[PDB]
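Here we start with a single chain on its own, the form solved without (4-ethylphenyl)sulfamic acid, put down as structure tokens.
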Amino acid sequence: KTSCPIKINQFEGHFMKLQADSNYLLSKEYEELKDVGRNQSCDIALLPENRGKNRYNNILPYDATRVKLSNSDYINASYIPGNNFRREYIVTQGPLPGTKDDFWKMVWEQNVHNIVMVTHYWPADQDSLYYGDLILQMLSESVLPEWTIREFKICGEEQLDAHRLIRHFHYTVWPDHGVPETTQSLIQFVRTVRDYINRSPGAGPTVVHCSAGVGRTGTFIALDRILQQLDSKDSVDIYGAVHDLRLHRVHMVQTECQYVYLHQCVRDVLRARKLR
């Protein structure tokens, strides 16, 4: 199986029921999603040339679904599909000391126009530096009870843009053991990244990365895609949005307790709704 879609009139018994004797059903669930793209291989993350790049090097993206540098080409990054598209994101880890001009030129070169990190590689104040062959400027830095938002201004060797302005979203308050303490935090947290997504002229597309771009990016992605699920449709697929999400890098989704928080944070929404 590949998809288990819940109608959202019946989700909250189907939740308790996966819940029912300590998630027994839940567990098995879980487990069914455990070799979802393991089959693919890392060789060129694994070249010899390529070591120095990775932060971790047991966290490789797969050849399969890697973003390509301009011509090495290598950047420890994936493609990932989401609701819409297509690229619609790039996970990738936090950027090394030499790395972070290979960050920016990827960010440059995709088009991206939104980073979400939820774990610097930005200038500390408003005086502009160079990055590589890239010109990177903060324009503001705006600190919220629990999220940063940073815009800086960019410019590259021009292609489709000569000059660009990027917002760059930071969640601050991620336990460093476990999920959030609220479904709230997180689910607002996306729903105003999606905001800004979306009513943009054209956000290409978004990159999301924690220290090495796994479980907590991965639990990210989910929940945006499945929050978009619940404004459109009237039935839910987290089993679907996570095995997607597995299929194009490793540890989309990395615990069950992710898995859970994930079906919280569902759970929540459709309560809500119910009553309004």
Second form
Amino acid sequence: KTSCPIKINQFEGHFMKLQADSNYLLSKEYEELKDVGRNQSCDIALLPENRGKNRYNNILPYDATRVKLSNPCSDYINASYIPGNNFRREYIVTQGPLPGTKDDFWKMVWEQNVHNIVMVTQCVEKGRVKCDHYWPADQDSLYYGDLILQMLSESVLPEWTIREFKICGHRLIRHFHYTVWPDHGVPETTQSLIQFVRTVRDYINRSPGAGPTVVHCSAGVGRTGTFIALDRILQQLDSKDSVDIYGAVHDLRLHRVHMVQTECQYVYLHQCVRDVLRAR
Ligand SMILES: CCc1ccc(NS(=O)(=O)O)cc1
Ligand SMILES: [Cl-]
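Take the protein just shown as the form solved without (4-ethylphenyl)sulfamic acid and give its structure as the form deposited with (4-ethylphenyl)sulfamic acid bound.
Time for the whole complex; same chain goes first.
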């Protein structure tokens, strides 16, 4: 079972059924997803030479779907290709860059022709480090390996910040930083992330020639996976007679471990779809 498409006119009642008896059926469904993709190895990520390149020793890309750097395991980064609604390498998902891997991160961005980066963690959350600050921070410039990055602009809004960089190897990169998503949790409202996703999707659509969209949080699984699932399902709502949350999360899990990492995130995806449909 790899799919559970729900007619739009039936979604409200479907989600109610899932929610009944303290989420009995929802939990059952989410538990199934936890077995998806589990037959796959992560041998490369486990090589001694790569140990320092992983933020979490237990969050590693599958060998089958990892992103390779050009060029020993100088080819290694903790990142995975993820299909979307539209094509098979629609996203690259990655961990929050480390001080010692941010040059690798930018090399990947360059080599993969990335124009858009989505960041859904803060660098520090409740005093715990989640992500290195890996960009130049005030209209200035810094080297990252063989590349130079320069900030062109920064627009701060209450729930996200959008930055534009030039990268020289001069491509323009947009960086979409959602700043109000607690780790292992969900945003305070469906409205907030729905708007953020629609905004990013608008920019993606306006990015002719772009490679994959990079999406990351801290581990590159929970908040990242929820973002991608919501991006996919919102497109389904706009273009199709049905919506397949289970199928989206299934497909994510085939490609990287733990995608959509808590049950409350899975619930939140349903609440988002329910709220969009109520408004429509
Ligand atoms: C314990 C490793 C771990 C840390 C953080 C997360 N959440 S996140 O993927 O949303 O950053 C998931 C897993
Ligand atoms: Cl890799």
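Residue numbers count along the first chain shown, from 1. By rigid core we mean the largest C-alpha set that fits within 1.5 Å across both forms.
Colleague: Core superposed first: is there a CA shift of 2 Å or greater at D176 between these two forms?
Modeller: Superposed on the core, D176 moves its C-alpha 2 Å or more between these two forms.
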